[PDB]
Amino acid sequence: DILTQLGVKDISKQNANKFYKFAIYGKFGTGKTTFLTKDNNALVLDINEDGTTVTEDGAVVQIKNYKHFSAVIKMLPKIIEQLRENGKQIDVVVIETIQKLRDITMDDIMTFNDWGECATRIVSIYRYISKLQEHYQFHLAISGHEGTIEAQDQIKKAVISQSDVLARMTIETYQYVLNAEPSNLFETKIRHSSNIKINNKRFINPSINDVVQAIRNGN
Amino acid sequence: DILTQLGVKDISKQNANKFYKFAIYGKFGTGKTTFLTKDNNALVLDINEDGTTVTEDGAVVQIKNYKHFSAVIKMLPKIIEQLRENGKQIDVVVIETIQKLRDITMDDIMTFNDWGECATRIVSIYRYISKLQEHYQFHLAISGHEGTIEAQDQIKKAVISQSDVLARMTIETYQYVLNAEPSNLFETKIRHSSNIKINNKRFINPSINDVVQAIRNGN
Amino acid sequence: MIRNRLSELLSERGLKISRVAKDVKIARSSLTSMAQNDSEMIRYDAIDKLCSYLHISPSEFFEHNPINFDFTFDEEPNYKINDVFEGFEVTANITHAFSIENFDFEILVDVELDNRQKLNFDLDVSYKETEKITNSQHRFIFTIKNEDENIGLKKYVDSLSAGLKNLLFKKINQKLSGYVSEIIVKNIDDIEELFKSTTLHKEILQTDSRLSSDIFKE
Amino acid sequence: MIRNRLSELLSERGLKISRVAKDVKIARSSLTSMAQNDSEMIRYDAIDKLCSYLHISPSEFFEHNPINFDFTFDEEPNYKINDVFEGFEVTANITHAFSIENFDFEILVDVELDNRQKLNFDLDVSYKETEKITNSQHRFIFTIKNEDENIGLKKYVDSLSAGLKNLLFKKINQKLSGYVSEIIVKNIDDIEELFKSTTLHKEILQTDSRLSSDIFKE
Ligand SMILES: Nc1ncnc2c1ncn2[C@@H]1O[C@H](COP(=O)(O)OP(=O)(O)OP(O)(O)=S)[C@@H](O)[C@H]1O
Ligand SMILES: Nc1ncnc2c1ncn2[C@@H]1O[C@H](COP(=O)(O)OP(=O)(O)OP(O)(O)=S)[C@@H](O)[C@H]1O
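Chains as they are written, first to last, in the deposited numbering: chain 1B, 10 to 119, 127 to 163, 180 to 204, 213 to 259; chain 1A, 10 to 119, 127 to 163, 180 to 204, 213 to 259; chain 2B, 1 to 195, 201 to 223; chain 2A, 1 to 195, 201 to 223.
Don't read these hints as lab results, they were simulated from the structure.
Among these hints, one or two may not hold up.
[Stated by the list, open to error] Partner residues are not named here, just some residues of chain 1A that face chain 2A (Cβ under 10 Å, in silico):
no.: 1; residue: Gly16
no.: 2; residue: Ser79
no.: 3; residue: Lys83
no.: 4; residue: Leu148
C-beta: ideal position from N, C-alpha, C; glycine also.
Build out the structure end to end from the sequences listed, making use of the hints.
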């Protein structure tokens, strides 16, 4: 089959159960982490930080070194299967901070040559995670701090391009809502098929499931 | 066990008895130290100051030099065991002033290179205290002076990110109340699980216990 | 056909290679290789030291059978290999790197009897599938196309003792694995992994191919 | 087997090491090393000065026994070590830095009798657990797998005098600790502490491993 010999594949079947990636930049003290772990079915790879206190339930692993980070990503297939074995439910793998990934990769490589290598490390990680993402049915989510998400463009470009849904989480008693509605002031994008229509792009008390259901089924 | 090989651990069990860190920034004469030591079960590592008079009972250790500071932190495990052996109850370790930590670390390192090293010292301290924090079941609390808490962002960023609860204490007959309700004018954040709801984010005559109970059990 | 019987003799007595080597003053690596039939030559000194040490006559050390087999592989095989792409670089699964559409060739075997008379049997072997022995390793499986015409070859093979038969099967497989692996490595270019490093060619050489056929049952 | 008896003789007479060194004009460091059986060579001058000083014949200074033991460790051991991470850098607890999944190997012992005849015993030793002797220090514990086959070795060991037996046990342990420590240091990279500095490799070398088995009871 010349079709099979090349990578050509049908879209209707590919978009049916696809696991979307989610990037959430919620500034400070808003609930973007709560959002990621609200489902209580999450594995949090936090970096030099411990924000697991907010999560109701799930799995978690402190990352203290770039070497430690490389090991967990390489053995991630083996790890996820056993949590499912122990009976723990993992549907999403979360990296707590993109800025810390910049800091750790920089230490490993320690100029624009250095910055380009740092970008190369970041792009390589996403490609590796994605091939496993299709294999193990795990949603990926990365979170960062407002300062658009704060970082150097080469990274921002790569993150925004690859990310399916990019959202900004803000608090408006007080109501906490995730607003992905288009806007010049802040940049957001949700990907849905032509037939699917999002009547409301702001979600109050949001969870990864609710977003998934909105992007697969009618809002 | 591939799960055990890596640091991956369950969340429901991790958030059950977690000892939260508390950062309380206040203006002059707002009785911020009273709150931390009201429980009368506290060890105060005051820096170049003596505010133990407001406290009724507990153990206080004056810190006069960066070298003295390094020693107490390194031997802190051994110390906690002895005060508990003497029967003194220590549940919280308090550093009186973050600005003094900036001043002492600066003397030890004496440019942006100097500032970055000062930030490196501050981040390293928290990581060290945290691993003991899980081991010895001690709440950590740091306090500073309003001028948001006054400091240089690199420090502020690290403190706010790591701190579980950040609160501002103000006096409003006159009443002393800690307000962590969200607000553009002042920045506050309390971390609680989705199911837990804080009906009232302002606490009058506050103590560390009351906050702990509010963040674990229903407000 | 001839093989050393050292591995069996030591097992019945229970002496380990580590000890025997210390006493007979023969280096462990050489004694281990000679324990297997891998070595091609044996030094007269080794035959006597061991024979005196285990009170075994030279007869016992060697097993002989007058039969003798020869295998020749076609210089020109028919092979078609299609690159699969699919980012093999991330996960080291050979199947992603390349796929064999069809690889078929002939192996000529001459079973020389004890008498001068010899019999000629011609085997045609073709690719069937690539089995996954373990997650990280695979074994190409090749099946003989014509077996009914060469049924007589099987009668000569099973006549050998079990130890000789296991040796012969290792020899036919080692050659096959070298033949197929060498052909593939040339047609497909190497791909180095992003994250020590295992290039595609090294993985292909490591890969082993074992013939699956009625004639050979072990 | 042979050891100096200086430590016992001085204790009975009650003389301190410092006074003896000042009188016999031998440097304290050398006399202390020789008090232990650590030194390999002894100068004739030392044997006479001490023997004249303590009115002891040369016979008394040395204890001898015709028995002689030899130990050989496998060149190729089977070892699996898994990095544990968990921020060892903060608290110096080796367990956090690395964990041994399984480390097993063989030690070959030859008990040569007074007569030319020698007996060969083969010991297989495996990892069991890492005991914590003190909060800052640990001792890897290894247990002999087969002891019933090598019961006879124990009968030869306890036949020695207590002083010789204590010496032999030190020799078997020192070698084991060097062997296991050297293997681990290569597989695991060093980690330097944040807060003089104690790197992981230095801690691993300091760590000592003591064999736990019925054969050796002291
Ligand atoms: N959907 C929500 N409804 C009401 N309050 C919420 C909601 N989400 C978050 N909060 C509040 O915010 C707290 C959690 O804030 P986090 O999730 O830690 O914020 P974040 O922005 O993800 O993280 P940092 O560390 O503050 S940048 C909760 O305990 C609530 O006080
Ligand atoms: N014709 C349209 N009407 C309404 N919304 C639309 C329309 N086209 C796109 N959108 C919105 O934009 C989403 C798709 O954006 P994309 O097609 O991915 O944008 P793009 O600019 O082609 O690609 P990047 O990756 O963002 S540069 C949809 O899910 C809608 O939210």
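We went through each hint and held it up to the structure:
1. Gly16: 6 Å, holds
2. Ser79: With a minimum Cβ separation of about 7 Å from chain 2A (threshold 10 Å), the hint on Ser79 (chain 1A) holds.
3. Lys83: Holds - the Cβ of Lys83 (chain 1A) comes within 10 Å of chain 2A, reaching about 6 Å at its closest.
4. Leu148: 8 Å, holds
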